[PDB]
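In the form deposited in one PDB entry, a lone chain appears below as C-alpha cells.
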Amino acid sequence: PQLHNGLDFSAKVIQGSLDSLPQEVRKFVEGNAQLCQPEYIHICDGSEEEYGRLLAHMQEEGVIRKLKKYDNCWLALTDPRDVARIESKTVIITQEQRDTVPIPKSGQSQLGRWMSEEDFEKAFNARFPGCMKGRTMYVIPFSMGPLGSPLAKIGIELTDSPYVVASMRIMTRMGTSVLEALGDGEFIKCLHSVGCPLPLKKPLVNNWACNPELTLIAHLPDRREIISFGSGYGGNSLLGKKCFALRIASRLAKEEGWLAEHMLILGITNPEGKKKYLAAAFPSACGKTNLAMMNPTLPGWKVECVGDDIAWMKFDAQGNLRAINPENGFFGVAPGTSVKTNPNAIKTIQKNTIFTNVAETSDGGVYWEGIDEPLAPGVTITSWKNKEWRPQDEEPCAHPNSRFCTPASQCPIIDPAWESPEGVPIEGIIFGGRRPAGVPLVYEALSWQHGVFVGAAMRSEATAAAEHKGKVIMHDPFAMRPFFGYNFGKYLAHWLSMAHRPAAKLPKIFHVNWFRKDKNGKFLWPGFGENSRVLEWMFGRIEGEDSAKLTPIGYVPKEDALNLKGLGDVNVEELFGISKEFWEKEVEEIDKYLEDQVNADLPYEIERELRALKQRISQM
C-alpha cells in the first residue's frame, strides 16, 4: 500500500502493535506520526509495570525528584512561564461565530474566543510539522467515566511528554482494556506536543520542555478534535479534564440533552439517617475542593466526596437529575491545604501522588504556604525555583497555582457511589464566589427562572488560577466563563428548558459567600469546617421546613435558624445585611453586562428577572 517505506511506522513501536489497533484508531496515529515525526511510538497499556518504568525515565532525565518521606510520591518543577492555564490563548473553531459566542453589542465577547478554520490552518501548519523530532509519541487511550456506563466517552490522546502520561493515568481510566471497550465506536481525537523537538534550539528551564511564545489550545467541535501545543500544565496538557469534560462535553450535552458543568458533587448525611446529594459551582480557587472533603464541626453529620471539579448530569426515567464524576483523581491547589482547613486532603496526598511547583524539605517531605505545620530542628526548605528558601525572603516557597495529583480511591471519605454507572440524584445546587462585601452569607432563589438568573449574575474577584491579577470583581456566570463550548445565550436557554421536561424534579438553588469581609479586612465567617452550619439550613429547606425569610434578593434564614451554637460571637447583622445602595449599583453592572455580552441571544425570562429584581430593590 505504498511505494517507499516512509508511511509504515511499524519499525518504531517500542511497545504494543499497530495491528491490534482499530482501523480508524490506527489511521489517527500514523497520520500525525508522519506530521510530527517522532523517534518512537509507545502505545500505552496502563499497567503498573509501565507506570513504574515511566517514572524511571523522567527521574533519569532530571524532570521529577523522589520524595523519600512518603510512599511513592514525586515532585516536579516546571518552567516559571508555564504554571497556569492561559485563557487568552484558547480558541474554539466553528464555522459561524454565533455558535461559539453571542455577537456582542459594540463591546468584545468575554464568553469565549472564536477563530475561523482558515486562520487555524495557518497557525496549525506553523507549529506541529516536526515538533516531535527525536521524541517518543505516547498513545494514551483513556475513558471519561466508568467503562460501559451511560454517558461514558472514550478518547485517544497523542503526546510526547511522559509527565502527561503519568498524570493521565491518575486523572482518567487509561489502559489496554479501554481499547477493547471502544472497538469501532467514536472517539475524541486529542493531540498534544510540547513544541521542543530535538536537537533543542532553546535551553530548557528546569528541564521543562515548553514554548510559551507559540502556546495555543484549540477546539474543533465539528470534528470531535482537540489540539494543544506549547504548554504542558494541568488543563493545557490533560486534555481529558478541561478541554474534553467541559468545553467539548457541553457541545455534546446541548446536542444530546444532558449537562456538563464545573461543579462538585458531595453527599451529606444527617443525625436522623437521611442522606442527600448537592452540587456547588464555584470559580477556580474559590472553595470547591475544601467543601467536597469537608470535616464538619457538627456532631451527627457526615460529608462524603464524589467529585471536586467536573460534573455530568442528566434526567432519568423517574424525573431525577442524576450526576456522575467522569474523572478518576484529584488535581487541586496545594497552598493553603493544612490539617486544620482540609484534613481529609492530607490523608490522601501521602502516597501515589505527584506534586508540582511545591517546596521540598531536606528530609524528603513537602512544604507550602498555609501548611501550618512546624518542622523538626535542622530541616531545610527548597523553593519551587530550585533555590534555597528561607521564611525571611519575599519569594514564596511554593507557587500559588502549584497542584497535587492524587487518585480518588485513596480519599478516606470517598462516597461509595463515585463509580456507579447510574449516578446519584442531586437535590440542590449552590452558586457563589469571592465577594468581599455586599452579598449575604447565604440566600435561596425564588423560582427556577430566578435561580438561573442568579447563576448568570455571578461575580468574583480575580484569584491566582489564570493570567488575571489584582483585586478586580469580574463576571463569571456559572463559574463556566473560561469553559463555554458554544453560545452562552443558548446555554441560558438549555437550563431554562429543564423546567419544561415532564415529571421534572428540579433541585433548589442557593448562593453563598464565605469571603465577605468587614470594614477592617477580617473574614466575618470562619468557613471550611464551619460551613456545615450553612449546609444544615440547606438540608432542612429541601425537606420542606419553614425556616426561610423573604427579602428583595431571595430567601434568607430567619432569626435563630442557623445552628450558631459554640460560636455566638459572629456578627450576624453585617453578615446578612442587605444595603439598598449596594444592590442598586450591582444591578447596574449586571444590566450592562448582559446587554453587551448576550445581546440578542438573551432569553426573555432572564430579562424578566432582571426587571423583577430591579423593581423589588427600588421599593426599599
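Numbering follows the first chain given and starts at 1. Between two forms, the rigid core is defined as the largest C-alpha subset superposing within 1.5 Å. What changes on going to the form deposited in another entry:
- Of the candidates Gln318, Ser106, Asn125, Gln95, the Cα that moves 2 angstroms or more after core superposition between the two forms belongs to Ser106 alone.
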Second form
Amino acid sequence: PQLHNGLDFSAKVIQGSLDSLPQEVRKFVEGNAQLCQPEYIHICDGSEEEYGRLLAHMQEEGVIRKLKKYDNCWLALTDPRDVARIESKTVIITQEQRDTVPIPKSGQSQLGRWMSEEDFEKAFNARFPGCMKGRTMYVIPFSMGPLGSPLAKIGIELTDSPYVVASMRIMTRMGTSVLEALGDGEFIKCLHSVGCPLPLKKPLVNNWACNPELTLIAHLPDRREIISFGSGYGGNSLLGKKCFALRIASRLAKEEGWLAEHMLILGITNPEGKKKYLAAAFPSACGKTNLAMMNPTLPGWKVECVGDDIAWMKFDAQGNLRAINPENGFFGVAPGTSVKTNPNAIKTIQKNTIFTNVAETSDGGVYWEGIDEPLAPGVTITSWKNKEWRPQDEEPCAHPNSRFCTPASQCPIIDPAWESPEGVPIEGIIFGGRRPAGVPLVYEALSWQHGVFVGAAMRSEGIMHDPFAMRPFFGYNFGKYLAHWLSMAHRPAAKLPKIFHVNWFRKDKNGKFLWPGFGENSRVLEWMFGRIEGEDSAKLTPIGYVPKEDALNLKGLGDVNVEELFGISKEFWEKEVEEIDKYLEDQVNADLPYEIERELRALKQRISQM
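With the form deposited in one PDB entry already on screen, would you show the form deposited in another entry?
Keep in mind that what follows is only the chain, not its partners or any molecules around it.
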C-alpha cells in the first residue's frame, strides 16, 4: 500500500493506536504528522490516569506548578507576550470578503477580519512545515455539548501543547468515548501549534512556548477547518471554545436554522418553585460569569448555572427555543472574583482547577486583585511575573486577563439539566454591557424586531460597540447575522423569548456606581420573571418598557438613587440614535436589513415626541 513506509506514523505512537481511529481521523492525524513532523503521537483517551501523568510531566518540566494549598490545583505562568485571545491575529478565510464581513465605508471593519485563500496558503506554508519537530502531537477527540446529544458537534484537535490537552479535558468532553460516538461521522478539523520546533530558534520565556511574531488564528469554514499558530493561550489555543463553538458554529447555525452565541444560560426558580431559563449576552469583561453563577440576595429565590459563556440554541418541534451549553467547564476571569462578587465560583475552583497568570501566596494558595481576602501577617506574594510583590507596587499581582479553568460539574449550583441532551427551554434573552451614562438598569424590548435592534446597539464600554457581544466572534457577515435573527420571527409556531436590556454600570457624576449589582441583580431577574408571566409591572417609555414605580423590590437598598438610575433623558437618547446611525452606516451599510433601519427610525421618532 506504500513504496517505502508511506504516511504511516505507527512507529511514533506512544499512546493508543492509529488502527483504532475512524478512517477520516487517521487521515487527518497522519497528514498533519507528515507536515508538522512531531517526534511522538499521543492519542488522548481522556482517562484520569492519562491526566495525572500529563500533569506530572508538566510539573517535572516546570511548565506548571502544583498549588499545595488546594486539592489537585495547578498554576501556569505565561510569556507576557501571550496573555489573551488576540483579535488582530484572528482571521476568517472565504472566497469573497463580503461573505465574511460587511465592507466598511472608512476602510476598516470592526466586525471581523478577512484573509484571502491565497494569502492564507502563503502564511500557512511560512509556519506549519516541521513546526512540531522534537515535540509530541496530542490528538484530542472532543465533543462540544453532551456526548450523543442531537445538538452536540465533535472536533479533533491536534496540538503540541500538554497545557492545551489538560485545559481541553476540563472545558470539553474529551477522550475514547468521543471517538466511539464519532464513528465514521463528520468532525471539525482543529490544528494547533505553539510554533516553536526543537531545537529552539529563540529563547523560551517562563517555560512558555509561543511565537508572537507569527501568531495567526485562522478559520476556513468552507473546509470545516480551524488552524491556529503561535499562541498557547485561551481562545487562541482551546479551539473548541471560540473558534469552533462561536465562529465556525455561527455560520453552520445560519445555514441550518439555529443560533450559536456568546451567552450564559441560567435557571432561575421563584419562591413558588416556578423555574424558567434565561440566556444573556454580555461582552467580554461585562460580567456573564457573575450572573451565570449568581447567589441571589432575595429570600427564597434560586439561581442555577447551565453555562457561563457560550449557548447553542435551536427551536424544537413545539416551538420552544432550546439551549445547550457546548462547554464542559468554566474558563473564567480570576481577578475581581470574591466571596462578594461570585461566591459560587470561589467554591468551584478550590479543586481540580488550573489557574493561568494569577499570583501565588507563600503557603501555595492563589491571589489576585479584587479577591477581597486579607492575608495573615508574614504570608508573601509571588506575582504572575514570578517575582516578589507587595500591595504597594505599581503593577498588579495577577494579569488582568488571568483565568481559572474549572470543571462545570463541581459548581455547587450547577443546573440539574446542564447536560440534558434536548437543552433547556429559553423564555427570556438579556442583552447588556457597560454604559456609564444614559441607559437605565433594565428595559424590555417592544417586539422581536426592536429586540434584535437592541442587541445590535449593545456596548462593551460606554464608547465601544459590541453588537450581541459577538464583535470578535462573527463567523460571517454581521448584516446577514441580523437578517438571520430577524428571520426567527417568521418561524411558524415559534415561542419567541422576551428580550431585555440591562445595565449594571450606570454611574453618577462623581464616577460612582448607582446600582450595587452582583447578588442584588436578583431583583432585576425577579422583574423579568414576572414580565414573562405577563404581570402588569411595566411602564412604556420611548426606549421600551421599564419597571413601574414600586415594581422592583428595593427593600434593603434604601440608599439607591432611583431618579438617576431609572432616568431617561431626551438629550442623551438623541445623541445615542445619531451614534447608532453613523455606526451602522459606516460598518454595515449595504448589508443592513430593512427591519433594523426601521427600528432605528422608530426609536428616533419616539425620542422626537419627548
